[PDB]
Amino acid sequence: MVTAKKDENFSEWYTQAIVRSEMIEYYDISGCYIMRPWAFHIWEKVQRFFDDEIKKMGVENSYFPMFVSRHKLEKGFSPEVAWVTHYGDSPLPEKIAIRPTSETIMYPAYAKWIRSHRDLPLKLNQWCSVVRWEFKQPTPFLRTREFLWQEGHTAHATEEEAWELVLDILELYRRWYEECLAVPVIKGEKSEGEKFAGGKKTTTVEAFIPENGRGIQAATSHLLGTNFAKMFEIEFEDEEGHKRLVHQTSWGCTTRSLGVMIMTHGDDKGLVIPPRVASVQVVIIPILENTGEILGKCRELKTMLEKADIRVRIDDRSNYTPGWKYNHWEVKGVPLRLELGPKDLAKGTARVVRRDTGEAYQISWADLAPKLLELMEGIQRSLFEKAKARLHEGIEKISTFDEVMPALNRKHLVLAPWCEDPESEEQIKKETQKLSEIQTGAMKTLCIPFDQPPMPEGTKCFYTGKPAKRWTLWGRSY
């Protein structure tokens, strides 16, 4: 049973929810966690969605090695990578790192494979795990030392084609969150200080966690331009015979998405899993003395529902009371519970309870499959709409810096007109950190949203008083 209340002790609530729902197991190596089937099935669902979509775009999957040579990674202080230095008791002549990302593994191959315009575009993806051995405190799903992800890497003859792909991928990430996970996200461009330094422009989808007021980056898609093509000599002869640099993109999204989903939809009773990704969509709980009447009808119902492609489990485990099973599956977040006891059997009905609201329905056995499909569609949409309402309520539009600290104290983000000077972003981070100290606490840019309201002529930047350029979203962050 979940005892910590989500609004009062959010961090303990999160730990309880992910452990008692059987999503994670702890491990002796800090920063690494076991992903149990209840969570892994959600990853499998989003992976299938995204993989099907990128295949429609002509992206093909591949698999590159998990190791990169020291001289290829460092193309005098090491990055925060895990170094393999020995095989058995024998030192390697040159240490090798576990991939933190695969640019330095893939791009030498791209340089070999690309020789002429005929070879472009080149569009590859891989599903793997990466390792980033940061010394800070980990958080399951959200910030871990090893994590599962997909990384896409493309090369094109023109920047326009590369940018088109950047935006198509970002739209797929919006769909991953909004359509599969029912989590609303905001598409935007990263500031110069926050973008990937190896690239030209970084686009992002950002999510908001109301309980701690923090934004979190949900996925990323980069227009790399020609920087990496210069560094790796990825050149092609054009249709007229001149050597040119390719224009590249890269993009990724991780199991952080599951953590965002958990935090968005969970409640005081535990998880709430959107029907589109739930391992089990309907749990059948026989109200049981096993004559065979009740479980016979349950097996018939499960067969029937599975013909409608509903993911069903009958919980016929012994020595647990019905109420125990009800709470067990509520903590796990199954979106629908189907109760079948003796009175139900006598009437030819079943009692269906939806997890998000607790509303109960008496449904005849015949109406079961269509009514349950309808209810799952309603649950999915209601989860999304309520989360989107909370997102809207969490963003305050401001004009001057003196509004910032009140908004941050309300656990809100701010949308502010900004001159986009990177010096000013560093100054704002320092000032908000120190104001929080006197009163991390730093506010930073989350993104410059694609959806720009008009910028009235003469609008001043909320911090510098210089002419504002764009409306920018700021907040405390992960």
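So that the term is clear: the rigid core is the largest set of C-alpha atoms that superpose within 1.5 Å between two forms. Positions refer to the first chain, counted from 1. Compared with the form deposited in another entry:
- Residue showing a CA shift of 2 Å or more between the two forms (rigid core superposed; candidates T158, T85, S382, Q362): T85.
- With the core held fixed between the two forms, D402 has its Cα displaced by under 2 Å.
- With a cut-off of 2 Å and the rigid core superposed, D309 has a Cα displacement that falls short of the cut-off between the two forms.
- Annotation for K95: C-alpha shift of 2 angstroms or more between the two forms, rigid core superposed.
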Given for the second form:
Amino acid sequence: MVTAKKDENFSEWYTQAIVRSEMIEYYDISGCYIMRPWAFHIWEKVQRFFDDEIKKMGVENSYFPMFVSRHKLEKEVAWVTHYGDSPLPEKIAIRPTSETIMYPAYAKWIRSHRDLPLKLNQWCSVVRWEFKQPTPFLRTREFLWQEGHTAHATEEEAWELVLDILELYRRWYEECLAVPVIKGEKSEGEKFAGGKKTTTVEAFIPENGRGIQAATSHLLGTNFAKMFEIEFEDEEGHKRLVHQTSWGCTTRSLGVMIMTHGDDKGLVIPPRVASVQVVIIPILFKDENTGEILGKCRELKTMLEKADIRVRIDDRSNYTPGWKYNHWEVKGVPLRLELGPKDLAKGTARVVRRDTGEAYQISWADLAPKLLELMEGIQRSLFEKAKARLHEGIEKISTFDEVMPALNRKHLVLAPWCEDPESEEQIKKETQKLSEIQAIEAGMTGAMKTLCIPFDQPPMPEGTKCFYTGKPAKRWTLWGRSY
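Can you return the structure of this protein in the form deposited in another entry rather than the form deposited in one PDB entry?
Chain alone follows, minus partners and molecules.
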């Protein structure tokens, strides 16, 4: 049983939810966590979704080495310096990302416009060795991801791909994980080092008021092509720099999903990614025809699987139905199906949905289409409720004086901004200081930073001033405390 309340001690709630559901195990190296099958299966599902989608775009998978030489990297990094006891003459780094590993090869492979576009992806893990507090799934020292890297003859084609991938990330979060996200452009201070423009999808954790970057898609432009001499010839033979993109998304997505839909009973997993969509729990009275009940459960499982419903029967005789109900609730199975002698006699089954607890009596003949309908209802309900919480979590403001009250309500702020990079640094420092003072009156950082400049922009009145500098505002920008 989960016993911390999600709305009272969120940190303890999260730990209990992911440990008691058997998703994670701890490890004696800080910032690294074991992903057990209950979590890993969800990763496999979103991996298959994204892989199928980028394959349709002509992206192909590959595998590049986990090590990068010092001079290539330096053209929060873990450095290998010894094999056994023998020092290496040049230290080598574990990849935090693979631009410097892949792009010398790109420079070799690309010669003609006929070689473009080049589109590669790899599924691997990377290491970003930071000393700040790690969080299971959300912010870890090693994490699983995919990184895609493309090169194009024109900036416009590269940008179109940046946005196509960002839309795939929106679908990963909203359509698979039922997590609402906001598409936007990163600030100059927050964009990828060396890139031209970084786009992002941002999510929100209401219980601690924090934004979090859900995935990222970078227009690198010609910057890395200049760095690595990646050029192509047109048909007349003139050499030009390629235009590049890089994009990535990680197991952070699972953590965001967990935090968005979980409740006081534990996990709630959206049906579209749940490894068990329906758990069948037979009633096993000592004084019943148990073989008949179990046989009917097997028949129902076969029937549901013909509709591609993922089913598990928990026929263990050493646990009670009440124990099983709690067990699979903690694990987030979206539907429970109960079958006992009285149901058998009626030709029906009792189905309980995990998100609301509502129960249904459903005839066996109706079971497959009704459960498909119910699972789409659960998926949409999880998304719509999360989207309403996202909406309620964003305050539209006009001046910096409104920031700290809004942050104290654990909200994000949407504010007109002049987009001066110095002003973002100053806002970060000032909000951190004010947060510290408030903490001392009270008995992760308190700084507010930009999350993104949203693609969907409210109207900007003619003389609207920047909320911090008073200079002419340029765009509406989303800010908050952040991971």
